[PDB]
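**Q** Chain by chain, the residues run as shown.
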Amino acid sequence: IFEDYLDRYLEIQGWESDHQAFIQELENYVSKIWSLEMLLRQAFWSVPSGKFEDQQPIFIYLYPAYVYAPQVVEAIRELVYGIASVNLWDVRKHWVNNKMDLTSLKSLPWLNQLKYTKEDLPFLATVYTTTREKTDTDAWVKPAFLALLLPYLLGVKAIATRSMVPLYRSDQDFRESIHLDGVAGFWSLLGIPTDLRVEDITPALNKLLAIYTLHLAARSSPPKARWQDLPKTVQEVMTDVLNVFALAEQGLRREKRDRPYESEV
Amino acid sequence: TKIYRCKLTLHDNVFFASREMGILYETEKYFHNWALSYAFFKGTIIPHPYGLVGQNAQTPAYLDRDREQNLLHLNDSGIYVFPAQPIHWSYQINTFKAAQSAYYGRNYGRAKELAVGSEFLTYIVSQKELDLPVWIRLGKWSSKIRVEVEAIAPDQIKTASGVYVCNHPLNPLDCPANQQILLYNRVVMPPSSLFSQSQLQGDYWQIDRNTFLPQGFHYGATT
Amino acid sequence: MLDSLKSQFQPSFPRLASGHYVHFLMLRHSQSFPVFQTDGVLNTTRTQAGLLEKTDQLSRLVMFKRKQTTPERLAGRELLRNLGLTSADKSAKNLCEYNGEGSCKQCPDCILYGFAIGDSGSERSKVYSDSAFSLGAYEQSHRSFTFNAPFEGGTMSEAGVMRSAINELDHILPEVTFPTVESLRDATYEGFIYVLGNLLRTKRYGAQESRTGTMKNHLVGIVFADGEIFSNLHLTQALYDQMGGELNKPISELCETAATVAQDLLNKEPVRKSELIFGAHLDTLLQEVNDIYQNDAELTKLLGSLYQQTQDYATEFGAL
Amino acid sequence: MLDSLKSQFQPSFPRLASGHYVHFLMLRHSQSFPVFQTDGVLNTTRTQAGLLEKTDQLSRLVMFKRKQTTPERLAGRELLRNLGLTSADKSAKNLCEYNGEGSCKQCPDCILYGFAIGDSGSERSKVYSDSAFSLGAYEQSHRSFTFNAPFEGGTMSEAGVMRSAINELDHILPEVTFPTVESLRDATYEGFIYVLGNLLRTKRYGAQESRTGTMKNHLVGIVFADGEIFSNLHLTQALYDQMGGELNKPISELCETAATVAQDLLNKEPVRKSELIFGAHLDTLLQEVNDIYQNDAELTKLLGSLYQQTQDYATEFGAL
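Chains as they are written, first to last, in the authors' numbering: chain I, 489 to 518, 570 to 651, 661 to 813; chain H, 2 to 107, 123 to 239; chain A, 1 to 320; chain B, 1 to 320.
Next comes chain I alone, as it looks inside the complex:
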C-alpha cells in the first residue's frame, strides 16, 4: 500500500509521465496508512495504545504562513521538541504585572546552539497537551491558550483539535490563522470565534487571559485552579460587565479580606 501511496502523492521534478496513466486511474475507479501513522505516534510521541481519549489528547498543528526559509524550519524544530508544559499561574502573574500589555507574554521562558539536530525537520509541526484531572474544560484551557499564543509569537497558523487527521493547509486555506475544533463551552459562552484571522489574535488573547486571571482570583485555590467552574465565571461576566466586580468581591471573601488593595482597584 505504501509504494502506491508515494506514486500517487510524491513528485520530484522531471520524473517521466504519460497521460496514458490517467486512463488507468479512471479504470481503477470504475486506510492502513493512517494506522501506520498512528503507530509512529505511539512509538515516537509516546502517546497511549487503546485507551487514548481518556488522556484527553488535544493536538495543535503549526502550519507555515506561506514559505519558510532554511533557518526558520530549523527554529521550529527547536520549538516542537523543546516547548515547556505551560502553567497558566505564572502566565497570569507576568500579565497582571506589566499592566495588561500582551507583548509582555513574549518574554516568558516558553522553552526547556541547536540541541535537536538529529530530529526530523517539522513540515507539520504538532504540539500536544496532557492533563491529570479528567474533565473537558480542564483539557481545553492550555490548548486554547497555546493555539492563540503560538501564532502571536511565531506568525505560524494553528489548528487545535482532538483529531489525529488535520485539515491540510494551502495558499488560501491559510485565510484564517487559527481554528479550534470543538472547544469546551466556555469558548462559545465568551462569544470568541472558533476561527480567527491574524488581526483578531490579540483581542482573543486579551479576553482569554482576562477571564483566566478573573477566574483564578475567585472560584480558585492556590494549588488547584478549579477550571471545572470556568463556564460559570464566563457566563456571569458576559451577562453584565459589573459582574467583574462581583467576582472581585468573591475573591476578597475567600481571601478573608474585607477591602481591595490599591492596585486591585
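It should be emphasised that the hints constitute simulated quantities derived from the structure, not laboratory data.
Everything hinted at is true.
Covered by chain I, per the in silico footprint, the following chain A stretches (three or more residues, Cβ under 8 Å): (1) 36 to 44; (2) 167 to 180.
A few chain H residues facing chain I, derived, Cβ under 10 Å: (3) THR60; (4) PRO61; (5) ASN187; (6) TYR200; (7) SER208.
For each residue, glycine too, the CB sits at the ideal point set by N, CA and C.
Add chains H, A and B to chain I, keeping to what the hints say.
**A** Same frame as chain I, now just chains H, A and B:
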C-alpha cells in the same frame, strides 16, 4: 464558437467524498468537470433515470455509449464545461450520522464541506447559444449553487497557437491530439486527477489578457 | 381547488426525470427551543445580510437538509404503518426498516425520499430540498441553558461525593423564523398529498425531540414550474431586505410579507411557472387538505392509491 | 369511562412508533411561589402575546424543558417502590438507579421516560414533553424576596463579625397559569394510567421543592390522535387572545375557557382524532382514575401488569 464565463456561488454547503481519512471525508477545492457537466445538463440533455439496479447501480457510465447517462451526449450537442477554479472558499467540518428510528438503539462520519461563503469560476464552450440554468445542484447533499453567467463576446476573445500556460484547471482525459502537455501540476481526485495549472503547446483562446483556454477539448478525447 | 390541480400532476411515476416541479414555500417558526447541532455547538455560517450588494455580513443559524428532511420522512413512515400499508413486524410481507439491506424497495417512502441498498437497488429522492437559514443573526437568536442531573434523593452528592452532571447547552429562541423551499419532482397527485402531509403533520426537529424542538410550519405558497426556483438563502436575504432588518414583527405579518417577496422573486428567474397558489387560494388548499388528513376513509383510499402507484413503479421501472 | 378507552390502546409496546398519540391538555396553576431557573434568574422569553388580535410582543415566564417531566417521573418511581415493583437497596434483583448504569432497563420509568447511560444502549422516552409559558407577562407574574441566614444565636453576627448571607431570589406568584400539552406515544392502557397518575399525583415543580413550588394541575382534555397537535406556545397565545389579556379571572372560568380554545385549535390540525375526552366525560374519567389510585388491590394489579408489559418489551425488543 460561443464561450460562457460562469461564476458559481454556494447557497448551501457542498460535500463530495473526494478523499477519505478515518472518520473524516473531504471535498477537494476544485469542482471536477464531469460532475459539473451532469449538474448543468442532466435532465435537459443527458438522461436522468430515477432508479438503478444491478452492476449499473455501482459502476459509473461516463464514457459508455450503451449506457444512458453518458457525457458523450454532450460531445454531440457540441458543449464542454471545463473544471472549476476556486476564487474564494471556506471549509466547514460537520458530523453526520444514521438515525435511531426505533425506540431502542445500540454509523457516523465527518464531512469537510465547502461552505456558503464561497465562489468558483468555470467556463463552458459551445457551437450554439445555450439556455444555461441559473441554479444547479452538486455533490453528496444535492447542494444549491447560484450560477451567474456571461457570454464572452467576439470583441474580447482572440484565437492563436503556440506555447501557453493555462492558469485554469483542465482534465487530462479530455485532451485532444493537436494539443500536447509539456509541464503540469495536478490535483489528485476521483474519478480522474485534474491539472490545476499546465503548460501546453497547441491552439488557444485568449479570452482576457491573463487567461488561456485550451481549444478543442471534448469529453474523453484521450480515451 | 385541489380538484383543478389534479390536472398538473403526472398520472404515474416516470422512469426518467421530467422537469415538472411543485415547490412548497414555507416559513418554519420555532415554538420551543430547537437544537440544530453537530459536533456539540449550534450550526451557523457567515452570509451577506440581504440581496442589495451589502457590505454587511451576518452569522445566521443553519438547519441542514438532514435536520429537516428526516423528521418529515419518519413522520410519513409512521402514518403508513398506522394505516397498515407497511408494518414493523419482521414476519409480515410488508416490512420496511429505515436504511439497511432490509429497507423496502416499493413503499411510498422508499420511492419519494429514495434508497440505496447497493447492487440490490437504488432510487433518487424526488423531494429536493435545501439547508435553511435563520432570518435574524445568531447573537439575537439563541441562548445557553444550564442542565444538571442529581441523585433521585434530591441531591448532587451520593455517599458524600459529587455527581459529575452539570453542563451548558445552546438552544434556539421560540420565535425565530427559517424561510424554506421544499420541492417535489415528477409527482402524482397522491404523492403531493403525502409530502404536503409530512410538511403540515410533522412538528418536532433537531436534537432532543422528546423534550424540545417544536416548530410551526406556516406554508406561504405553492408554485408549479418548468424548473427549480430560488434558494433558501436567496429567499431569506430577500425577506431580511424587505423588512430592512426590523425583525421584531408578529408572525402573521411575517407570513404576509413572505408571500409578497416570493412573488417578487419568482418574476425574475427564467423558469416557466404553471401555477402560483398564494393568499386565499392557499388558505382554501390548506383547509381542504387538512380535511383529507382528518378523514379516515378518504386518507385510507388516497394513501392506498399512492401505494399502488409506487408498487407499480417498483415492478415496472424500479428495483422490482 | 375507562372500560371503553381500553379499546383505543395497543396490547403491548411496539419497537417502532405506530401513531397512537394520547395528548394530555393541562393548565398548571401555581399555588405557592415556584422558582423556575437556570443560570440564577427566572427563565423568561419575548413572544407575541396572542395569535390574531393582540399581536404585540410580551415577555413571559418559561417553565423550561425538563422542569415539567422530572417531577412526574420521580413521583412514579416512588410509587413503583411503594408497590414493591422496584427497590432502592443495592443487592436487590429489582434495583433502578436514576441517572446511572444500574438503571433497571425493564421498569415503567425506564420504558416510558427512557435511559441512555452506560453499556446496553439507549431508549427514547415515549412521554413527549415541552417548555411551557406563563399566560400572563413576567411583570404581572413574579416577585423578588430577600433571604437571610442569621447565626443560631438569632443575629447576623457571630463574634461581631458579620455573616454574609443576604441575597434575594425571584419567585413566580400564586394563581399564575402555565398551559401545556404533554403527549404519550404507543402506550398500553396501564401505561396511560401510570402517566396520567403522575400528572394528577405530582404536586411540586421548581427549585427548592422542600419549601416551595406547589402547583395544581387541572387536566382540561385528553385527545387520541395520529400525531402531535398544536405547540405549547400556540395554546398559550390562543388562550391569551380568547381573553384579550383580561387574565384576572377565577380558575374555573379560566379552565372552562381553555377547554373551548383547545377544541377550536384541534379542528385546524391535520390529525384523525379518535376520541376527545372533555368536560363531563373528563370529570367522570378523572373520578374513575381517582378510584384506582385510592385502592391498593386495583393499583397493585394494574401497575404490576405494566411491569410485565415493560419487562416483556425489554426482553423482546429492548436492552435484554
